[PDB]
Amino acid sequence: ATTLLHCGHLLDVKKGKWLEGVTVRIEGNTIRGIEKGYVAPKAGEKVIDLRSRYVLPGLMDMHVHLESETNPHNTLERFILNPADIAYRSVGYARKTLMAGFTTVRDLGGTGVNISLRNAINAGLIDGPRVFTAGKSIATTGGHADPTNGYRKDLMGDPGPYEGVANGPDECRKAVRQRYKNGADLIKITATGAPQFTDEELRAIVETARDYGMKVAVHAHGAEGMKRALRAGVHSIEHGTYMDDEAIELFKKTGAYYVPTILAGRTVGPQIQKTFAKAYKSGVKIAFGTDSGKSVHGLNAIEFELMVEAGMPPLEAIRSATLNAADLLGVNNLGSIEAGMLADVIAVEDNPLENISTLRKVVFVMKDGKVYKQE
Amino acid sequence: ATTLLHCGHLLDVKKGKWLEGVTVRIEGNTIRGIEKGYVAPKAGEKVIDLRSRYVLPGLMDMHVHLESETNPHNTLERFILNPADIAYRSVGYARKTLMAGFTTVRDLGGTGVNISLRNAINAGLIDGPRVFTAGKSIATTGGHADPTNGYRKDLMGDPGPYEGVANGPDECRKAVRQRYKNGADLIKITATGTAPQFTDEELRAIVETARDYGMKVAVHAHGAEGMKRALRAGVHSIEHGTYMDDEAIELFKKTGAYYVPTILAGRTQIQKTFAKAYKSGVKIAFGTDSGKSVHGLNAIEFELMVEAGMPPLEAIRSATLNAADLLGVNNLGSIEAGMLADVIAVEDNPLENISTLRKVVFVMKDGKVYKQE
Ligand SMILES: [Zn+2]
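Protein chains in written order, with this note's numbering: chain R, 1 to 375; chain U, 1001 to 1373.
Incorrect hints may appear among the rest.
Stated by the list, open to error - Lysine to any residue pairs mimicking SDA-like chemistry, simulated, CA-CA at most 25 Å apart:
id, chain 1, residue 1, chain 2, residue 2
1, U, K1153, R, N149
2, R, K153, U, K1276
3, R, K294, R, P83
4, R, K153, U, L1313
5, U, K1292, R, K181
6, R, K361, R, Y242
7, R, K153, U, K1279
8, U, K1368, U, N1119
9, R, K153, U, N1029
10, U, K1279, U, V1294
11, R, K373, R, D127
12, U, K1153, R, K274
13, R, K294, U, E1077
14, U, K1276, U, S1355
15, U, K1153, R, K36
16, R, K294, U, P1072
17, R, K36, R, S52
18, R, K153, U, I1300
19, R, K153, U, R1152
20, R, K370, R, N355
21, U, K1153, R, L155
22, U, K1174, R, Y242
23, R, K153, U, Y1162
24, U, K1046, U, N1029
25, R, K153, U, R1089
26, R, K181, U, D1154
27, U, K1046, U, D1012
28, R, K373, R, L125
29, R, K96, R, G255
30, R, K153, U, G1183
31, R, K294, R, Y242
32, R, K153, U, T1268
33, U, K1371, U, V1091
34, R, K294, U, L1076
35, U, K1153, R, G92
36, R, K153, U, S1355
37, U, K1368, U, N1182
38, U, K1015, U, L1313
39, U, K1153, R, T267
40, R, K153, U, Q1178
In case anyone wonders, no lab produced these hints; they're calculated from the structure.
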């Protein structure tokens, strides 16, 4: 099927330049090309009028938790909520995310319901973003992602690699293989609260993950855990609130991405923005991530503002949500509107490079070939 | 050891009369007698001055839960608290109860830590009231005393007689025997939610087993139908009997079972029902279900019983004579020769203003003085 987007302004994020009065030709789910002017439909074709709009690639958020959203009772709800309850809330969370304009997300934590949500969205059952999920986070015993942490001794039990808790390299191998068996796209670990992973454990995780084509994302606020993860060869660091100048040189030599998460934890202080500034000025690779869930879903665009207020130019923020995100995912057909890519397109009212806050009201959303939002 | 109490006013609860300016002579843990005047002490005899005070027997509360106390977080607390945490909290709960003047209590529900608390208090390890506990309450699956109620299915499991959840007469027999094995003094079951949760055959099995092992049966019941099933089964006490039919009151009088209102906890109606019950001549024993209310505020219930029309003397009798009768002990609840020295003292006449019981100035248990303020 053929859909033509008559775009007044279309953002070339690789060039960094707006293209004025162009047509995007989409056949099926793929962008077939960009044509100057507005092209009449030679044969009956679907045309969408975005001439008064600014057009962007579908934004991607590389830190979301689609299973949960914070609530006065999350800690009790951990004991009272069943998988079906989690799924039914995730429905609305995913819909709000997709209609905020984020066509792709990287889910870094759940009970495994996230895998079912991705499969159900991909099957056409529920409206949502393309989800690349880590499934269950991997932690060491008592680690941040240990599922039975804080339980009464009777309800605590002894979680092992099947549950995502590993101690020692071989157990780590089984835990990564278990996440692969469960259908995870990537691996996420909790490296600090103190470093919760030894160098050999991290090496085991990174090598196993690379064997199965899974990247490694690392949640770490402490400096030593970040430096261990970076030396091990992990692909991304989350938050990293305290960063050693040594961690910045590690970032630069390894090429790992830094996902700031300024939005989440703003709620929980301002250190994180200071850290982000020092990272961006240093030349650290940056990918866009909000940690949605602690922050209400569909308010991810707020993070854009916070990144620009910290000194990141709007083009570089939008590139962090598009080009850098697609590179971090390991996908080559998303994050830029050009021939051969997947038709993930959003559109806003005003110039996002002159005011980034325009991104918090997305008026047009199309994921794959299908249009989900056209206000 | 010998102690003399110089009591300005001492309440003879049996005759309902004050005796003025008397001496209570206690040897060891037992009341040896009441003498005219303030008897002058011989050497080695200790004397406590209650000449400005009103002196009454130790109060007893027949619905308390010493393991827990209410807070915005009880529902999350169960998933996080271990038995030791519960014991350490219970320590303070018991101490505050004893200093409120309640020298004897009937703990009607716990996880079994209540049993260890009773054994520890009786061993002299922890300051506390004389405790008579049901241990773990028995309920049917989904009953109010079901331990895994509301848990996610992964954590809920299938609780059975070992856990206090029984279905059918044989499981009930085993659950009562399990409480006996664990060291409980009495059995407590939850017969209603308002929907009735124990079948007549189940109730008969429970009371007959309890009767074999010398244990009384107390029943938490809010609904009328479960209340009447329990009363027909032959239970000893009905607790929180809200929504009570007039026919149930006739059953009450024929069975002789006690009605424990727990008006204080039901302030969260109960008062209208308690008023009708008291007017009908039902046997009433004092109970607060403190635990859901802060421990140490038990005396407030006294107030409410007088507010519903019960005369102060009968409220004090419900906390003393009626309570001791319901427990099945013959040496507690009245200051007279041959009984155990559980004695409290207050500032004003409790029969003219019962709220004076909320300021207990003197507490004596088993001959020992815990409070003399
Ligand atoms: Zn997170």
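Query - Those earlier numbered hints the structure runs against, lowest number first - result: When the structure is compared with the hints, numbers 2, 4, 5, 6, 7, 9, 10, 12, 15, 18, 20, 22, 29, 32, 36, 37 and 39 turn out to be violated.
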